[PDB]
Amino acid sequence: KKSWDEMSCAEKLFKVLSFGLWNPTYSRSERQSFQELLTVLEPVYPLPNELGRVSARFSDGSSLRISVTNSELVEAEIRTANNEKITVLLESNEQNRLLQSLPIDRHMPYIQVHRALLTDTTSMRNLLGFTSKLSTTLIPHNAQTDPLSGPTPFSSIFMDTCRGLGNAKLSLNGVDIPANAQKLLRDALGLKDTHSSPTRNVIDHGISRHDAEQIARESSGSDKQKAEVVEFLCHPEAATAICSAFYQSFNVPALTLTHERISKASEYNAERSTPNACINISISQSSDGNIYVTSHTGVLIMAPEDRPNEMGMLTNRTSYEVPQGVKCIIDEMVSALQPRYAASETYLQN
């Protein structure tokens, strides 16, 4: 810090969020840095009375933490490199705009719609790196569409994982795992090709420490966080959590009502010839040991009939704790994991 009015990253991000992230005033140049801050946000293991819980740890040494209760009251704490512990309660209607701007799932009588601030796929991947940080509406359970009901639940995890890793956006404890690094991880699990499953060593003891370390070395984050990661991977449950995350059938409750518009979109697109979907995943282990997976699949979608010719992104969230003591084993994962499913639609302004 070199100036009294110089804010930590944590503080900068928080002010922007409550003021409104879509507030028109922004300088575009501000909009760019604002997104670059918003992506440090990570959903983590919530507690008894929390809708969801967000955590951001910046490079400057600041930390933003935010809890949203079931009744929707927000508590944010900001820490800084100089040990200030700023705290703020939003219990009136002050959290009004803030709720739209977080990795949380809300009870909502219709599907949440957002706006950006989309030709090629570099574009498509960034749009989801944005919406994976916005809010989603919860999809109520139905037996006909829960991937975890029916015949062969979790049958594709290893295949889905094998082909997912190298192509995903992926965070472990807020440390980004780049494509090269994911590939090492895939190997480290024993996933050579489309039809292999994981070596029983990994299933019983997580990744080896030797691999766990190189993988971190090759990723992007703080030394403290890389160390958090290495410990995470040397755990059986990291296996469960990583593989479960890639389970494509998580998209089914979301696709049930949207699949027709998703088609119109590949069609509307096909007259221009291309991929449709991408992945963005955050996994976190709380300091108390708890594993949480938030899994995102971004997908191109046509808007409803009222706005023809507009294409946006359906963003599907799948969220769950992976309870200590659950190895990566279908019949096991099936009775232990309890995914919760939410979506959002984002469209471009103009």
Contents of the next structure:
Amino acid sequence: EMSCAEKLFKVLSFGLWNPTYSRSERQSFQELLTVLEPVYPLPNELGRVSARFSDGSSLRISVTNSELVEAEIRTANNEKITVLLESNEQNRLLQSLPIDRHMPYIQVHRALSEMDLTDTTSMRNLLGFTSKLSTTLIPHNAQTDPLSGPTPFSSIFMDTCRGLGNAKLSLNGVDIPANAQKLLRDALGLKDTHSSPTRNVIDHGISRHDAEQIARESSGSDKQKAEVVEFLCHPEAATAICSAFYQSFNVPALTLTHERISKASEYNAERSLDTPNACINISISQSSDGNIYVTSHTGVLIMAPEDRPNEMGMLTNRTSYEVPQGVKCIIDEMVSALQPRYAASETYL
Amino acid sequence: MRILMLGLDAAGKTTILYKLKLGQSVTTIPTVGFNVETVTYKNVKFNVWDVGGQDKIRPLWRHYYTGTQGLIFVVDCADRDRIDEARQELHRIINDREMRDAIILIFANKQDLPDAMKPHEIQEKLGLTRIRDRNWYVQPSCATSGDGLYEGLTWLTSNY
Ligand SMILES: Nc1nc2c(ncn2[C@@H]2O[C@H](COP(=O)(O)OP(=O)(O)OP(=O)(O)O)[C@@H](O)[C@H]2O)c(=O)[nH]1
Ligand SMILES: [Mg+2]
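Moving from the form solved without the partner chain to the form solved in complex with the partner chain:
Now the complete complex, all chains and molecules, led by this one.
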């Protein structure tokens, strides 16, 4: 009786945590929450999110700098619904959106019912929920700004080539899966030992050809697959994809947390469990004006503060920035163009 | 009872602010402006004022002195390289006409640490030992655990 878009907003509104749902309910909520995606916000906004469901409903949320919420829903049957509302304390609709907030400390979330951190797969799935949740800005710092340092982006193409195949990756809402991802790695010229992309990929983006295959093998709608193709075929695409995998974006957040990170890392080796270091999750959007916006998340395991012994959770680092139209995938250019915003979340069970 | 927490940056003031405000320790960020929050403890509503302790924005705290009733000076007991840089800020703080007469809690915070400076040495290394006409109590604490804090409240409360 409802479109996916109406359901999500209602759930988001009631309380994405309010302990009542029948697991079958939560499980189907996380599902819906996955298609929700951060997009380029206006200068007067905290941020903006957008979703396109497999029932043709669509959800757009704006949050103005004054934590004021504006929602638009378009249904299965061409109904237009505008909602005005404030996230407060009970809803905290704000906590349940992938937006950056100004706060004295790192925002703490809780996970849903039966979410665990016990293996590599339960981790990508925690990130799958944390990456749609709110974060706290870490104010710029020359000392921790990885773009401030002497080796800016030095590992870009290694992290890319490495993270590709083994990330959650979304292009304009379309899910790029592992094979399409390796296909995109080859498409960039990056299965290679440690070369850079082709002077072709740079300057021309990918080929129509590789692009079509990639989108072909990827999950979503035809109209959406067409945006993917057209996005791939600019060089800014490469810039945006490659920079998104950049590993040092996490430095500011790790700067704040490194000992409880070390503890989490040690804490697992005592057990003999083998879950990985980081879990990577990336959302890229080109809006119709052709603006490109990146939200890149790295999840890393981390111990709770000493007042909560033996409790482990996840530290979710969000890095967000536009890739201005004119910036090709070379170091000096990305060092000067990109203005990464850094923000972090901690999520526990 | 309006309270004003002062200290050098990275001492753990903000952390103590939310250890007390939320009840559970959080991961703080360099406080740029200020925080203020209220805490009822034992029927007493402290009103604590957190202001950035970075070398930079230090002389803006005087803008806060008028009203204070207790100077929680919070201390990083591992950093010994600014032990002096901080044994001084203390004297300048309460000397200023604003804070002439006011009880003085001293949080020997960060005790859980290895090279944790003992509570008495704190008293010594600040210069607290040779001072009278003045309520000054030293409180060993861990801000991330909660140790000492709610015992230090006891002193603020009690001794006022
Ligand atoms: N080991 C240890 N670390 C602590 C303790 N209390 C606070 N810290 C840490 O020290 C760092 C500084 O704490 P903050 O409360 O943000 O420092 P601040 O005093 O507010 O400094 P500013 O924000 O610049 O004004 C934080 O990362 C805290 O987690 C403690 O008792 N023991
Ligand atoms: Mg602070």
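Residues that one form lacks are left out of the comparison. C-alpha atoms forming the largest set that superposes within 1.5 Å between two forms make up the rigid core. Positions refer to the first chain, counted from 1.
- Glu91 is the only residue from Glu77, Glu91, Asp204, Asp187 whose Cα shifts by 2 Å or more between these two forms, the rigid core being superposed.
- Relative displacement of the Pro48 Cα between these two forms on rigid core alignment is 2.2 Å.
- With both forms fitted on their core, the C-alpha atom of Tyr268 sits 1.0 Å from where it sits in the other form; this compares the forms between these two forms.
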